[PDB]
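*Asks:* Listed here are the chains, written in short residue letters.
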Amino acid sequence: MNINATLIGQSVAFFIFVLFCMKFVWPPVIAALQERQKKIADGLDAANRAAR
Amino acid sequence: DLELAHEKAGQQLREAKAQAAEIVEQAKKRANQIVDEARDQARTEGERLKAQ
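Sequence lines, in order, name chains X and Y.
Take the first sequence: its position 11, counting from 1, is numbered 11 in the entry's author numbering, and each next residue is one higher.
Take the second sequence: its position 44, counting from 1, is numbered 96 in the entry's author numbering, and each next residue is one higher.
Hints listed in this document are in silico derivations from the structure and should not be mistaken for laboratory results.
Treat each hint with caution, since some may be false.
Simulated pairs of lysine to any residue, SDA-like, Cα-Cα distance not exceeding 20 Å [claimed, not checked]:
#1 X:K38 - Y:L54
#2 Y:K60 - X:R52
#3 X:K38 - Y:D53
Chain Y side only, calculated, beta carbon under 8 Å to chain X, not exhaustive [what the hints assert, rightly or not]:
#4 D53
#5 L54
#6 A57
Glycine included, C-beta positions come from ideal geometry on N, C-alpha and C.
Work out the full structure, taking the sequences as your base and the hints as a guide.
*Replies:* Shown next, in the form of structure tokens:
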């Protein structure tokens, strides 16, 4: 079955969830992800400085 | 590990600077002995030339 209805409704609803994720969800998770990498990088570098 | 490395590094450098000063003091004892022996030798040599 195919009847054209609710096309504009779903189109607008998608942008709302995309911009919400972009502002609220995405930045804090990447910051927390980078901190572990930075802490481990500092730890491995500090171990090399100790030998040096 | 970094703190332990700095403690061991600093402690052994104390030993090296203490040992370096001790080496130089023994050289000063030797230096004083060789000029003392020369000053007494010169005293006996001048006595020999005057008797001659």
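*Asks:* Against this structure, judge whether each hint is valid.
*Replies:* A quick look at each hint next to the structure:
1. X:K38 - Y:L54: Distance of about 18 Å is within 20 Å: holds.
2. Y:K60 - X:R52: Roughly 13 Å between the alpha carbons, so the hint for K60 of chain Y and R52 of chain X holds.
3. X:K38 - Y:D53: holds (19 Å)
4. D53: holds (5 Å)
5. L54: holds (5 Å)
6. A57: With a minimum Cβ separation of about 4 Å from chain X (threshold 8 Å), the hint on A57 of chain Y holds.
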